[PDB]
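> Here is how the chains run, residue by residue.
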Amino acid sequence: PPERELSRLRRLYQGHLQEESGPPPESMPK
Amino acid sequence: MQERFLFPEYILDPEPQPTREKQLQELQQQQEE
Amino acid sequence: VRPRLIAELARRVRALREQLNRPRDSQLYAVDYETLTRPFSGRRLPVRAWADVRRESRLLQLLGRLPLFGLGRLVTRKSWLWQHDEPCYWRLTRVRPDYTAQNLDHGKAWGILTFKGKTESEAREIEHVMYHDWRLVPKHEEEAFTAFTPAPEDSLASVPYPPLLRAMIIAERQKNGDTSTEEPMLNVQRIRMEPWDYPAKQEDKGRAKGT
Amino acid sequence: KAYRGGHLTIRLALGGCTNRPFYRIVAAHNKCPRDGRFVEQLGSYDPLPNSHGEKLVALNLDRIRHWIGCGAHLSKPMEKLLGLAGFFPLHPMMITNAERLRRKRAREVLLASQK
Amino acid sequence: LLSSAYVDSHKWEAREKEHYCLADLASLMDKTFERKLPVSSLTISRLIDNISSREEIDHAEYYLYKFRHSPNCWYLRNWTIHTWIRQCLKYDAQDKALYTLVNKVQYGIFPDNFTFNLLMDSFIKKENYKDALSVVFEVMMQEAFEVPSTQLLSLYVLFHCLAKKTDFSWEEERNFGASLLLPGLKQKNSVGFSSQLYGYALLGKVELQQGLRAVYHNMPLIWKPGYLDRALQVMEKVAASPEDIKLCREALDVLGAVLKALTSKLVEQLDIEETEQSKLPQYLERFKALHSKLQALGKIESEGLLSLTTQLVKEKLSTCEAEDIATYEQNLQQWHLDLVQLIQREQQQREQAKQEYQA
Ligand SMILES: [Mg+2]
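Protein chains in written order, with PDB author numbering: chain O, 208 to 237; chain 9, 68 to 100; chain 0, 6 to 216; chain M, 10 to 124; chain V, 29 to 292, 312 to 406.
I should point out that these hints are in silico values taken from the structure, not numbers from a laboratory. Take every hint as true, because none was put in to throw you off.
As a list, the in silico PhoX-like pairs of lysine-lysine whose alpha-carbon atoms are at most 20 Å apart:
1. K237 (chain O) x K124 (chain M)
2. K214 (chain V) x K144 (chain 0)
3. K252 (chain V) x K121 (chain 0)
4. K83 (chain 0) x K252 (chain V)
Residues of chain 0 clear of chain V, computed beta-carbon distances all greater than 10 Å:
5. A12
6. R17
7. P28
8. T42
9. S84
10. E125
11. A128
12. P157
13. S163
14. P167
15. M173
16. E188
We put the beta carbon where it would ideally sit given N, CA and C, even for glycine.
Input sequences plus hints: build the corresponding full structure.
Given below as C-alpha cells:
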C-alpha cells in the first residue's frame, strides 16, 4: 500500500496497532 | 412547507385508558348464557 | 375451535400502548458521557466510538445555533474527513428538530449528498444524525472545501471467468460447433463498488422501540 | 414450517461419527438446524484423505447455479471450497492465510539460521 | 457611531399594529401549552408586538422560551425578532436582548444585520464596550459579517477592546482572532489585511499552545492546521499588492511576539505530515525575511490599528448606512405584506376548523 494510506490507517487505529507486515516470501519456505 | 394553524377551541382531547376489557367480558358472558 | 378473544384484546391494547408511548430522540439518543452508556436502555456504546463521543458534535448540536437551523449550509463528518481526501458533505434542505430537547440538539434532517466529489440528484434523509461525528463548514471556507476536479475514473470493464467456469464455457461452445478463440469475459462495469461508508437510506432504517 | 424472514443458504451439514467427520452440501433455510430439514442435497465433502491420498468433493454444479440464481446465500467454508474447485475466485481469506503461513514459516527458518 | 437616521425608530413605531392585551395572549398560550398543542407564530408575533412595559419584557422572554421549545419554533418570523430587539431597546432592557442573543439556542433570536448594528450601536453610545464586544462575538458565532456596516462596527469595537488588554485567556484569544479574521477577510483595504494578520497570529498561538481542536471546535473556523502559515501568506500577499494596500506595524509586532514566544489525547494529524511545532523555526525565518521585504517596499503603516479603523469608518460608514436603510425600508414593507397574508390565512383556517367542528 502507498505510505499515505498506511499513515491514514495508523491514525484511524492509533493505540491498537500491530507491527506492519511486509510483502510475503515469494514461495513457501521449507 | 407552510404553517398549519390549529385552534384549541375547535379540537377535542383524547380519552386515555380505553376499556375494551368490559367488551370482552360481555362477549364471554353472552357465550355463557 | 374456541375463539381466542383474549389474544386479540392483548394485541390491540399492546399496539395502543406502543403508539401512545413512542419515545423521542432526546430520550432514545441521550448518552452519559462519564460511563458512555445510553440512559434509556443502559447499554454501553462500542469502544471504538468512545473518543468521538467525548470530542465531536451531533448534527443538531450544530444546527440549533444557526438561523433557520442551518438550511443551505454544508455539514461534513469527522470519519469522512479522516477516510477520504475528496470532499464529502451534505447540503441541508430541511430540518425538523426534537422540540422537547432542552438545547434542541436532537431531530431529523434532509439534504443533498456529495460523496467523494459526486453529487446526488435529489434530497433524502440523513442517517447518523445522532452520531457524535459532525462538523460545520464555515461559509468563508466553502469555496475552498467544495473544490473538486473529477479525476479519470477508468476502472476495469471486464474480468476473467474463474478457471473451471471458463473451461466449462469453452467446452460448451466447442460442443455446439463454435470454434471461436475469444476468451470468455465477465462484465463488471455495471457492478459499481460502493464504499462501505457511503450513507444508506435513513428512510428504510428502523427505530428503537419504547420500553 | 414458517419462519420470520430468513433465506436459503448453501452450507455444510455435518454427519459421520466421532473423529470421522463427513459433510453434505445442502441448500437449506438458514434458520433450520444444521443437520435437519433441507431443500436439496447439492453434494458432499469428505475431509479425511482416502487410500489414494485424496479429499473427495462432489458438487452438483447445475443445481448450485440454479439455487444461487434463485437467491440462495453461501457459507464461508462453501465459498472456500468453490474457490478451490475453480468455480469461484479464491476467497480473500484463503490468500491472506496463505501469506500469513508463508511469513510464519519464514520466521521459523530465520530462527533456525540464527541458531 | 451610527447616525440618528439609522437608529431612528419612527418608521417601526408607525407599523400597522392590531392591539391585544398581553395577558389575554399569555393565557391563550398557557392553555395551548397545557393541552400540548402547537402555538402559531402569529400568536407569539402579537405577544411580542404588544409589549408596553419593562415587566412585559420579562413575560415575553418566558413565552419566547416556550415557543422555541414547541412544534412551530422555526416559524418565528423575522419581524418578530426585529420587534423584540426594538422593544428591548425601547424599554431600557438591553441586557434582556443580549441575554436572549447569547442564549440564542433557548430563545431562537437570530437577528438580521440591521438589528445587530442597532444593538451594538446602543451599547457603544452608552460606552459599554464590554457588552458591545459580546454582541460582536455573537455576530462572529452566527457568521453575519455579510454587510459592510457590521464589518466596520465590529472591527472598530474589536480594536477598541484590544488596545486596552494585556492579560489574554486562550478562549479570549480564540474569540478575538475569529472575530477579527471574519470581517477582515471581506475588507480589501489596509485595515482588513492587518486584521487578517492579527487574527491569524492569535489563532496560530492558540493552535500551537492548546491544539488545533481548541481553535476550530464550536467555531466558524477550519480544521486545517497552519494558521501561522496563513499569517505569513497574508504578509506575502501584501508584498505583491497594489501600492495603496499597506500593513499595520502593530499587527506585525503581534505576529513577531507570538513567534518569539512560541520559539521559547488523540492525534488528528497524519504521521507523514510535518507538525507546526517542527515548522516554527522556518516560520520565524520567513517572518524576518518578509518583514524586511515589507519595510524595503514601504508596505508598513505606522498608524495604530484603532486610529486607522476610525478613519476608515468615518470614510465609509455613511454610504454603508444609506444602503442598509434602503434595505431596511424594503424589508419593512415586505414584512407588512407577509403579516397581512398570514392573518388572512389564519382567518381562513379558523373558518375551516369551525365548519369541521359544526359538522
Ligand atoms: Mg426445534
